[PDB]
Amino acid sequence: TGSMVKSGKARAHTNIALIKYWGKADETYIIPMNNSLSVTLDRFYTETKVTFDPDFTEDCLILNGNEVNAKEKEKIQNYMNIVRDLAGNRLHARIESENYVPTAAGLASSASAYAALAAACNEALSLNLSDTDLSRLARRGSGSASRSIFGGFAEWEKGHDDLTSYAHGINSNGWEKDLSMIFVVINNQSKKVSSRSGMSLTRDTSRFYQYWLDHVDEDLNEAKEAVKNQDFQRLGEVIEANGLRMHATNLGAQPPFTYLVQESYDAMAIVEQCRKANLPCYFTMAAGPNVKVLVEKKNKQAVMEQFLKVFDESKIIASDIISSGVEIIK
């Protein structure tokens, strides 16, 4: 690299929320209405390199070898303003990012993408940010990214402001190494659909939102106690119920909506069939119809074959859970 050039590259993995973040207390700083709990996936990640050069005039984002629109470009420049203030400089950056995430198949990349960017910036500019402050930095880009700083189980503490809303890793005595996630890629509209926008309509207008709020802390505690005991059935039951309550809130919105299609329901049925056949597993869904199946690694294949009787082989994608957090790479 050049004399005055400062560069950094980071790999960050996606994470799936087991206890859902859904609805914000603060739209600008991205403060959530409740705590969330997630696991970081071994298979899916983003690699983001940033290069700061004084001669650079504006920020440039190249994604999988391709320039982004003026919209996406404006958004990354605003985010990088946060980085510039934090660093106390006015350097603009060239950002080259590659997503190793099945985005076409509906998996979200925002969590790994902002986690990777945050970590890459910290490496480039030598900011020496703590994991806590890295999480806060990522959170500004996308709420779920706060958790992707960490491996295994992680929890996003909601806080009440920019300083206090961030995530931390949860030690589970290695339990994360025993678990897996199976992704069922569900046929879906290709029309525009937005997570940030949906949770906002629900938070603001949903007749069942208080019902969500009233139960989330109880759920969260039950899940964490479950993790402390490496009690899979216990974790699974509560996260499955939580996930469903999250979707119930959308049904109460003004006017109502859903992210689930009949095929999602079909896959949910296969999950319950598996339980009844002595193959423990539990499902959760995000802002789309894809069904994610939490399963013990020992049962991964057996559960997958149950799905493979109904669904195309291409639509059944498993991932392990990674133990380590964001990493600095070449």
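Residue numbers count along the first chain shown, from 1. In this text, rigid core is short for the largest set of C-alphas that superpose within 1.5 Å between two forms. What changes on going to the form deposited in another entry:
The one residue among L251, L163, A105, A241 whose Cα position changes by 2 Å or more between these two forms, with the core held fixed by superposition, is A105. The Cα position of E58 differs by 2 Å or more between these two forms after fitting on the rigid core.
Once both forms are fitted on their core, a CA shift of 2 Å or more is seen for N188 between these two forms.
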Given for the second form:
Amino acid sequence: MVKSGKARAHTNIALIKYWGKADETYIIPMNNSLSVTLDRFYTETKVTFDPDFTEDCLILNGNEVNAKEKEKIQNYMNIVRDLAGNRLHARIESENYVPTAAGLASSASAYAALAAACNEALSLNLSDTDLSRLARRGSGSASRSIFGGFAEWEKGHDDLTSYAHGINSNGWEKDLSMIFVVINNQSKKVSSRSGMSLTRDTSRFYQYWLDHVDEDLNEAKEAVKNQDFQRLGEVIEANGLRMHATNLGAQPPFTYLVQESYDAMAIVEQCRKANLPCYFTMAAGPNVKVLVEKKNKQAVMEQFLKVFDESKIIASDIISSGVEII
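Swap state to the form deposited in another entry from the form deposited in one PDB entry:
Chain only, nothing else included.
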């Protein structure tokens, strides 16, 4: 007989960055992590297990993928096979309703969607905590997409202790919004994974990253507990920039940032001066995310339109709900 599952997971952008791995093989992070989940961007993955298959197949956006991409999905399906009890090979059919490998967190939606589909298919009855544990093995950020609203990846010390949970903001997430500035739509030159790896191993500024990360997290946490937007913005803006500083310290150094990324930051500043409270963060890539309270979405979004082509400004709400079966 043949088992199938289909899930939809939304993406997440980290306010307090995950950048750098303690353990490269289980995906244990060097530091705790805090993100918001977005309902405008998402992955839909269906998985089918068949006695007929002899290796695992990934179909992504309609296309069978390459052979290091294959390799990557193989090692994950292996992890699923050990945990499930069986020997079945799978075929995966996934559509990214979100730009791919481009620094908009297709990793997080991808592997949350998959893990949750695997769960349904193989009838695993996984707790949210174990789900998060599973997605984490595919992609660090994916651990957080099991959940909605604000979520946190607790770094733990091994495979059982490293996972994520949700956080009550008493629905403060409902009054929030995130403007995407889509400067580049295409593949990162360097993948989140390998850039993280090089910065972590070699960066002369990494230690500086680590000495400040936890102080930022508590501050961000106290900000959500009080719903002080200004307080939250200030720390997440600095944290994000500090994350990128670590790349400048790598051997040899590098950056995901382009002139346009800077231009965007400036407009945020002008907005703040013009009395429109907003802050920016950047995943691994040139694109810029702008956190703004729902009230000033239109205004702030307008300010960008004076400078950017409108096929490039994209407002998302923050979703309150976690990953769903479909």
